[PDB]
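K.L.:
The hints should help you fit chains B, C and D with the ligands onto chain A, whose structure is shown.
Here is how the chains run, residue by residue.
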Amino acid sequence: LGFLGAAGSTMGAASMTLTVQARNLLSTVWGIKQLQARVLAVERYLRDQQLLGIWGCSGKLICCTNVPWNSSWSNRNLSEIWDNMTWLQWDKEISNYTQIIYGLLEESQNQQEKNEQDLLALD
Amino acid sequence: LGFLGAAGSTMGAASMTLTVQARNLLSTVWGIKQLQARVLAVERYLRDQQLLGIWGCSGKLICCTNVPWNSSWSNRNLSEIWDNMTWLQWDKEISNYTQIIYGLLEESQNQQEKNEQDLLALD
Amino acid sequence: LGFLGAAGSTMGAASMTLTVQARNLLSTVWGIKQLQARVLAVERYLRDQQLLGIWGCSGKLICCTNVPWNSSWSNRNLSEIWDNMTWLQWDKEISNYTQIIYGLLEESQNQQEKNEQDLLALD
Amino acid sequence: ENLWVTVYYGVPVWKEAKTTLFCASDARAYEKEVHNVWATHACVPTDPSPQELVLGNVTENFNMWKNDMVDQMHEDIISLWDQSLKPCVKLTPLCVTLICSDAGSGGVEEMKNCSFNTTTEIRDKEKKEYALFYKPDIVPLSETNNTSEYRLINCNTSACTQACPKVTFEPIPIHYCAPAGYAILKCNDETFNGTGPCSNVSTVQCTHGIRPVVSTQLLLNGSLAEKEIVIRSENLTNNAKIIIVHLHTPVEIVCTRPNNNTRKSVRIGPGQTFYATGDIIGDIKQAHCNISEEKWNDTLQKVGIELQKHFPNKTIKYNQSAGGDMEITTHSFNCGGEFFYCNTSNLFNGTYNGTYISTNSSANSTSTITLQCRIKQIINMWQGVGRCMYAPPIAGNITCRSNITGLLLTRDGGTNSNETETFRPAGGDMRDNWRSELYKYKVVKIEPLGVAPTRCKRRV
Ligand SMILES: *[C@@H]1O[C@H](CO)[C@@H](O[C@@H]2O[C@H](CO)[C@@H](O[C@@H]3O[C@H](CO[C@H]4O[C@H](CO)[C@@H](O)[C@H](O)[C@@H]4O)[C@@H](O)[C@H](O[C@H]4O[C@H](CO)[C@@H](O)[C@H](O)[C@@H]4O)[C@@H]3O)[C@H](O)[C@H]2NC(C)=O)[C@H](O)[C@H]1NC(C)=O
Ligand SMILES: *[C@@H]1O[C@H](CO)[C@@H](O[C@@H]2O[C@H](CO)[C@@H](O)[C@H](O)[C@H]2NC(C)=O)[C@H](O)[C@H]1NC(C)=O
Ligand SMILES: *[C@@H]1O[C@H](CO)[C@@H](O[C@@H]2O[C@H](CO)[C@@H](O)[C@H](O)[C@H]2NC(C)=O)[C@H](O)[C@H]1NC(C)=O
Ligand SMILES: *[C@@H]1O[C@H](CO)[C@@H](O)[C@H](O)[C@H]1NC(C)=O
Ligand SMILES: *[C@@H]1O[C@H](CO)[C@@H](O)[C@H](O)[C@H]1NC(C)=O
Ligand SMILES: *[C@@H]1O[C@H](CO)[C@@H](O)[C@H](O)[C@H]1NC(C)=O
Ligand SMILES: *[C@@H]1O[C@H](CO)[C@@H](O)[C@H](O)[C@H]1NC(C)=O
Ligand SMILES: *[C@@H]1O[C@H](CO)[C@@H](O)[C@H](O)[C@H]1NC(C)=O
Ligand SMILES: *[C@@H]1O[C@H](CO)[C@@H](O)[C@H](O)[C@H]1NC(C)=O
Ligand SMILES: *[C@@H]1O[C@H](CO)[C@@H](O)[C@H](O)[C@H]1NC(C)=O
Ligand SMILES: *[C@@H]1O[C@H](CO)[C@@H](O)[C@H](O)[C@H]1NC(C)=O
Ligand SMILES: *[C@@H]1O[C@H](CO)[C@@H](O)[C@H](O)[C@H]1NC(C)=O
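Chains as they are written, first to last, in the working numbering: chain A, 123 to 245; chain B, 123 to 245; chain C, 123 to 245; chain D, 52 to 511.
Chain A on its own, in the form it takes in the complex:
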């Protein structure tokens, strides 16, 4: 497709279009602005890739973590979320609790890595 093809479609149908959308993250008076824009595009992509690389989901479009999901963040059913809600108002609703989720994934990744280190050094 192109730039944000499934920008308003079903939640489930928006999970098979991650490749054709994430590909375009890098592709005098009017010479400073172009270079500054290119550098800040590199800044945003490297920040996103590093944030994916902290909690052990590097190089994967869809990654699973073992942190439990608290019901106080959403209090909603899975079926109508995945078959009826567009990504936009979902991100609008969860925007009040993103830092707690990021910290929980960070702590869960560090704890899982320490348990893996203990299990691997046990042998």
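Warning: the hint list may mix true and false statements.
Sample of chain B residues with no beta-carbon within 12 Å of chain C, all distances over it, derived [to be verified]:
id : residue
1  : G124
2  : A135
3  : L168
4  : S180
5  : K182
6  : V189
7  : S194
8  : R198
9  : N206
10 : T208
11 : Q221
12 : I223
13 : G225
14 : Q234
15 : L241
Computed, partial: chain A to chain C, Cβ under 7 Å [to be verified]:
id : residue
16 : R169
17 : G175
18 : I176
The hints are simulated quantities; they were obtained by calculation from the structure and are not laboratory data. Note that beta-carbon positions come from the ideal geometry of N, C-alpha and C, so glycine has one too.
P.N.:
Only chains B, C and D with the ligands this time, still in chain A's reference frame:
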């Protein structure tokens, strides 16, 4: 042996020298040109790294992908391809069908990731 | 804890806090100086990431390498290192030996990858 | 079994490095339409929450004399000062010979009339104009005993670039923030002598409030100490190293001036107009600075009893500056856009022999110390590459209700069996003030890579 060890050699002979040919991708008036070359090197390395990282071949040479090879791209057998022809003219005759190939690997990787998602969620 | 929460803490207790000191590496008269400093920070992070990925330890904080440790480098018991020492004295008395350690890790990664492609090709 | 090496990423180890730093200014400094001179368009704003985290048990060596932020701050101040005088009025058509007399009937004995001719907004027409230039800005070019020919001082050497009459020299505070991947170590030890280890190092991102005051021979507004008077020096052996005295109790200092008429506007072409000194109404007086007597006396007594620790059986003395011209022997500063160069003869006239004198008198606070002085208008500061100005005058009277923080001293060379040595005040280079305001901080670089021994075996 650094840049272009076997740039005009056999197709099969270039497979064993891939570990030494792709090692140096990063290793006033004349300050602006240095800055522009520096930023352009950063752009090239990050674009190459993300483009190798979309279809699940990050940090791995000779990566195998389960997408079928259509016969409308080359229609010629692999024996003389891998023991007769160098890289340059093969790149000349394959360059008209690169975007369709990249889309096919992107779709195959994303479908593979969704299949692994369903397989791990089935337990 | 933010900046350097365990810069003098216990060696065994400093292994629970590597995420917060790795999460924050990117976050006219002065249109060139800050640009040069920002591009320098980007290449410092990219050099660190490429040096991690060159010995097969990309996307993983504490990675393990099968090359052994010689008795002529540290000759000290593990228990009181991990329970009494800090990071700064370790960087004081190990940093003169780091280049040959990096070369040994590079050679071990080269050996591991060559055995991997030999096993993949023989099967 | 045996030791196998494992790589670690996100390791807190340090190195010393020299990199450029940012700015940080308050939110109130951007709503001003006067554009200031530094923090309105170039420097970035800061968050209203400076987070500081104290480290546990780390000892780090500090050397405030071999520092990088002092030189970078000096270079940034010099470059930003030279870039702020480019779109301003240049006084190149003012090198015409002046005919100067006494200031009317009953001359003021400090200014000359100095009438001349100038080119108006039309390139052919010329008109006769007058001003009141100060005496240290008037040079007697002559070939005989002529008492009516005079000229301006900066036409002889280099440039006459006037400061713009919109910017101000008000010293608002700034903060220096380290870039990404760098930190700032700050020592909180109260008995910090300037060089050596510190055991209460805290890591910060942005520095505290630093006011870049233009001052010599005496420190103006700045950060106070915590416990007692602190001596800063690097060797304390020779007589050619400036010693810094950091005080604890401030002493009030004021500076005043008589009246002027207005800014007489004189045109020298299309748009380029300059404001010269007009007339003087009322009686003329002297521009003087007042300092309290007993506060200065027991403050110097405290400096004496604290400096007696480094010299056990020697008495200390003070006298005048060690010779020179106007610009180095006088305490020089600015207030309200007008510069002051003032004699310090009545402040450093005394001695201490080790016997403390207590001053217990409530009614003795009326007595003060007066410092009489003149005003310059062309400033040749930074000891070179200064871009020689012409400071415009102010219409009414001004006040300088200020605060004092530190002192700059220099020991004199003694003779044989000289148990009584002297301490004369001296300024010199500009780096001493910002070095006195940046003793705590040190820039540091973090290396996130490391190695460690354990028993980890990577699975094949
Ligand atoms: C060390 O610290 C002291 C105290 O913190 C500083 O003293 C202050 O200095 C500034 C300027 O250097 C003074 O600001 C000026 O005050 C003048 C008089 O203020 C009175 O009158 C005004 C109304 O006219 C009242 O609002 C005010 O509250 C006072 O009652 C003003 O006339 C000045 O205005 C000039 O500047 C503005 C903006 O640039 C222009 O628009 C005007 O046209 C005019 O040119 C100016 O605001 C301040 O008053 C001083 N504080 C005190 C308590 O007196 C020292 O400067 C500082 N540094 C040194 C080296 O000593
Ligand atoms: C400096 O000299 C000028 C000219 O000699 C003085 O200007 C004259 O002032 C008198 C007032 O006493 C006026 O009547 C004249 O018309 C002025 N002549 C002009 C403007 O060309 C000026 O007053 C002198 N400066 C001072 C401070 O007395
Ligand atoms: C033009 O400037 C030069 C300096 O570059 C002057 O030379 C000295 O200036 C100082 C400062 O007033 C005097 O004290 C010295 O007596 C001057 N001479 C020497 C030999 O050092 C020079 O005098 C200036 N021109 C005029 C006409 O004054
Ligand atoms: C610092 O090290 C000393 C040395 O044993 C220890 O007693 C102290 O608890 C350490 N500080 C912290 C905050 O852990
Ligand atoms: C200046 O120009 C005027 C022109 O009106 C002339 O009369 C005068 O002699 C010139 N020189 C001086 C020193 O005033
Ligand atoms: C170190 O400085 C902090 C700053 O607030 C202070 O609270 C602390 O008491 C100091 N450490 C010691 C040992 O005094
Ligand atoms: C400066 O200090 C060094 C060591 O601290 C000393 O050897 C040297 O003699 C001192 N300089 C003078 C002039 O005494
Ligand atoms: C200060 O310097 C002058 C310079 O001649 C000298 O005469 C005097 O003795 C010195 N000491 C004092 C205390 O004035
Ligand atoms: C300062 O004052 C003293 C005494 O009042 C005087 O001798 C001296 O010439 C004055 N000026 C300087 C620059 O010292
Ligand atoms: C210094 O103080 C003494 C004692 O009050 C006084 O006689 C003298 O005039 C003062 N000034 C100088 C320049 O010595
Ligand atoms: C000097 O100016 C201040 C205000 O800046 C004013 O309060 C004071 O009265 C003035 N001095 C005289 C003698 O009028
Ligand atoms: C200087 O002292 C006065 C009174 O002692 C005080 O009001 C003023 O705030 C002080 N200056 C600074 C910059 O703190």
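K.L.:
When the hints from earlier in the document are held up against this structure, which numbers fail?
P.N.:
Hints 3, 4, 5 not satisfied by this model.
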